[PDB]
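Next come the chains, spelled out residue by residue.
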Amino acid sequence: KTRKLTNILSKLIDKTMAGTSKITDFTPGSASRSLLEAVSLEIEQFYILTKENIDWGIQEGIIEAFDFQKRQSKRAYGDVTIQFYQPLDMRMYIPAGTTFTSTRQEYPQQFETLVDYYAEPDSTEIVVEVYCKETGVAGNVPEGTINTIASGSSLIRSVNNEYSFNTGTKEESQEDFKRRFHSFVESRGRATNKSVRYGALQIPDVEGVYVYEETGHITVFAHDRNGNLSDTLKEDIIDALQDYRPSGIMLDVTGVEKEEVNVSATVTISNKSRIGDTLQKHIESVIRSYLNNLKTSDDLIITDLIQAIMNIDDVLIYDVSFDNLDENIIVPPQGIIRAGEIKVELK
Amino acid sequence: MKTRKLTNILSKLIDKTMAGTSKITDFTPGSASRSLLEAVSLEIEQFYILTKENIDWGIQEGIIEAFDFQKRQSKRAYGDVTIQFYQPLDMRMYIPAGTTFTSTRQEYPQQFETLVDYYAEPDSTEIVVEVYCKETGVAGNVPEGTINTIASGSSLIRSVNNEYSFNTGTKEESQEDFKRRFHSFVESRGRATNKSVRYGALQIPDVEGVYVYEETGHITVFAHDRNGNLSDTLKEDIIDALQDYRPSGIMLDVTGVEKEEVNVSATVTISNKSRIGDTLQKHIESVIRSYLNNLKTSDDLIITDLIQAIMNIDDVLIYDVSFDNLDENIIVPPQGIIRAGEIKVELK
Amino acid sequence: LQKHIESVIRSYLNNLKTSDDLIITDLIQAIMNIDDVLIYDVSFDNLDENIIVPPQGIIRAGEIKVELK
Amino acid sequence: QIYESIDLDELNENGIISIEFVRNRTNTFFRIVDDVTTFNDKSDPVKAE
Amino acid sequence: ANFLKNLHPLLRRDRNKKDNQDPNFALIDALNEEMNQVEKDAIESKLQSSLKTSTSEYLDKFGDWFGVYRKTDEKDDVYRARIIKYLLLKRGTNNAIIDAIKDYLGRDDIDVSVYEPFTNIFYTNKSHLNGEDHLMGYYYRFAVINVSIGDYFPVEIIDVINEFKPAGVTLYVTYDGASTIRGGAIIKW
Amino acid sequence: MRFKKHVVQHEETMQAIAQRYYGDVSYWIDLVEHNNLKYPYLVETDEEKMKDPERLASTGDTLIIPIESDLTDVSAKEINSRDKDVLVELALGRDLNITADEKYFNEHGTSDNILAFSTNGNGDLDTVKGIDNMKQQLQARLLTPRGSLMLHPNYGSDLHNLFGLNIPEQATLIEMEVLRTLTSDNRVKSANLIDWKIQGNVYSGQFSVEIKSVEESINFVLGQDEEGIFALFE
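Residue numbers (PDB author numbering), protein chains in the order written: chain C, 2 to 348; chain B, 1 to 348; chain B', 280 to 348; chain I, 442 to 490; chain D, 2 to 190; chain A, 1 to 234. A prime marks a further copy of an entry chain.
Keep in mind that the hints were calculated from the coordinates and are not lab data. Just so you know, even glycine gets a beta-carbon here, dropped at the ideal spot from N, CA and C. Hints are not guaranteed to be accurate.
With a straight-line cut-off of 27 angstroms between C-alpha atoms, the simulated DSS-like cross-links for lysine-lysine are [claimed, not checked]:
hint, chain 1, residue 1, chain 2, residue 2
1, B, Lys5, D, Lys103
2, C, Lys171, D, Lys47
3, C, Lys16, B, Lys273
4, D, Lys47, D, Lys72
5, C, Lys71, D, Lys62
6, C, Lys52, B, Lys52
7, C, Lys134, A, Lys197
8, D, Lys19, B, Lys52
9, D, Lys6, C, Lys5
10, A, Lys51, A, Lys84
11, A, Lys5, C, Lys134
12, D, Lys53, A, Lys84
Calculated from the model, a selection of chain C residues having no Cβ within reach of chain B, i.e. all distances over 10 angstroms [said to hold, decoys possible]:
hint, residue
13, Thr51
14, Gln60
15, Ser124
16, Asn161
17, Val212
18, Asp237
Short derived list, chain B residues pointing at chain D, Cβ under 8 angstroms [stated by the list, open to error]:
hint, residue
19, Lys16
20, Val40
21, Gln46
22, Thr51
23, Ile63
24, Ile64
25, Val186
26, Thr193
27, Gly209
28, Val212
29, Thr216
30, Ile250
31, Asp253
32, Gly256
33, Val321
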């Protein structure tokens, strides 16, 4: 694949010998061997450079063409303001590596300048750029954090960073980069049940989509958080799925077959003094949250509801019973369960 | 890399050397300066050449890496085996996976085994069971009639026989087929098209060729493996791979190709009659099997083509050829294919 | 899993004290809290109503059986 | 600055201390050339050195 | 370009004052020029390993990998844009067909639409009796489309639509002569 | 764990560093890999380093060389004179000054309540270090009667009982007791008689004490780096 230093030197010597017999000393310390060794070192360094470039190209060349940037790890950097008590009475000099720090336990991060700076006599305040010593987001200190110089002259009135730092980043892994590329490529797909479902889900107010396929017809079930499908949202879905549906195929949009379950419960309780309106409303809010959290294909298992109600409190709640709920309410994929009228009776 | 050459580099070096000093004016063959500069420029030339080659290799590697389009490896041969009993069965016997099958023909000493359990029903006379070569590659492409031994030892077995030549064994993928399938991948990014359906059907490595037959509101995908069969498991896998690619709302069906099973019996005369034996017969039979099992979908079988293929083995040694079971070319339809039946040769 | 559930039920019943009523929903939550995700639903093939225990009474486990589906 | 072998010789002949760049030495990349004084009478070793 | 740094330390790095025609400096600067030129070329070589920044031969390699071949007098920028577009082709819908037509004919301002006759199937209730709907049959049928094109076209454009349309749909093409008429198409007596 | 850290020198190269430390240039790629350097490894000045501060190092930047270094097995010739002074100071220990006011407890050597703590003049407790420490400890041991100190039967001297007759025998007994007392100290490599005389009542003698050499103390302290105690429990 590549030559190396010893091989390059050997070939150079062999070619030199073949070219002429006027040189035969190739021992260490020879001018000629030194020159060939230097050329060999330079060539080996260019080989490593080519290796680095190709290793970068293998994993970033193609995907970069599609406007996808891999996030490199960076040091947080930004501008800071240094104010002087008076206009400077001589040219002040700040050497590279001059450290800036903060007087807090929340931000022990240390910042330093990477270049020399000069403040003219006429100046009264000069801005400089400082770089966080550590890579990562730990250097993204908020506004007003950097407020101290460790090697500044007494003439300074105050140090302050005028804006929060945000350039600190963590390296994006190769697998995440591939996943984003592959996601984008999949999103280019069209005229399929998966692609229709994806394009419906990209709509803002759509929470859940079921696509049912028939020969020569497609019907799309959608719902919002509430289990409802507004006419406006329906029209939006249709307009967005004009670009997605296959040619010569009919597409229809319909609401999800919502099913509002009314639950009257009788809750036995131990502490009779804690019986009141607030506990009733808390229990009812828990039941409503449980019922409304169910997704499109989720069946209402009564034993899990009982578990949840009893887990509100392991000793206070004594026993529960329902008259409406006699057996588990199985629903199809296109039929969501939602919270209906809820009543709770404390016993 | 600009692809410089040795002569221009050496000329540039010598010209600069002359320009920097008027003392050095001896650059003839055999001179020290010329030899040194020649060696340096030759090493630069080799660096440039290898850099170009490494960049080409790097482009191929980045294409593989970006799309995760891994190159397909060698495939192990697999086929079916017919088993017969003395009389119909009363016990529903049980054959577990790993039951080994071997052959007493020493020319094909490869071993085979069952990867799935089987059951033989009572009042049954024979069973067909799929087997898989233990060793990968082309070695498991035995001819018909090779496998004749079962290592289960069951007393109920009368005889064992693979009815057809195995052909699914193959070596590592070639560069051209990898590039072809990458082209198919690129074309099939648009999911709902005919080429995308063909790619999805070909997404399964076992599948050999596919013919998409199109009607108004109906799609028929004719598919086959490298033997020309289409097993139910392979059909289900093709269907599952086509769910992502097929167009929504249009009926789709998967069925096996119209396989034709050409038996051949050839009478061949030989000029040098000492060369008659088992080797020459087996070599000719091998050539005929390789010819027929290389036919693709819709390739007609032409008898004169087969004649020249047999005769080109050795035009002097072979004198004349005659077929005892074929007399006219065979037309194959678009969804059809030909595969070798029993191949027999008589030496005269 | 069967033996672990049977063990939990035995431990629940054999921890009942004198005059502790047996409440079927209590036992349901005790079984379901073993793993609320892994366990889907529970049904009893021999119990249908809570058992009242008098002041001089107590409950103890008989044969405990579990069928996994 | 990096003074040349002639510039160093002129500075030392004028009784000036100077530092010369040096490559690949074990300790540092610089060394002191001489311990000369401003008195330029090199014949007198007490005053000069 | 560390040739002078890794050179033997005793050798001179600078053209000697005593001789303007110093052959040692000449040789060293010659070799140094070649070293720096090779370093420059090796730095510039990174542009060839990326699809974004590739040029002629390596860009042809990329297009041969992708299946897209350079046209006559086709520069690098348009060629890479065409590769990128070819990878990101939407297929299987009216909009894709319309774009394929407009990108095989010369321009965008032409009238092109896709007709779906199944929308005019005569249903018992909703369809008007003497309305625009027709009785269901062979032509008025799902998985059928009629593409109107407002300009001259080669017959090979149908094959292009075959590349784009979804599998299992019958294709018809209509040529609207009106759109091609020279100047104003109204005739005067 | 400890590693070497190298400051980039003017117009240095990675190959030179590898040759200097690993004794072979081949490790330069390992040095790049460990330090995570881009191709222009050692830029000329900070202006180039601004282009990529993370992946580039300029002159005066510190590199890490992952070679397991250890402070022992280091040539004492490299160590600076101040460093040697500090090392021997640590070896001989620091202790609170009690032998202040030499005249007083020299006037009453055999008695108790003779010495006391003192202040350093800066409001902190006085301290004796190095040779002063050794002086303090040797004086205290010689002055202490043997067996009088709690938790330490053998610490002390028997001179309080050697106030015998004026003959060479008692002189020899004193000398032997003093040599025993000095030998008892671990840090005292050896002790020996110089000269003695008798002036009727008064006895006078002088001794020579060779403490452990600088090399031994350096080796001991640098060995102690492995444990990190840096303290004396002799």
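| query | Going back to the hint list, which numbers does this structure go against? | reply | 1, 3, 7, 8, 10, 12, 13, 14, 17, 21, 24, 27, 31, 32 and 33
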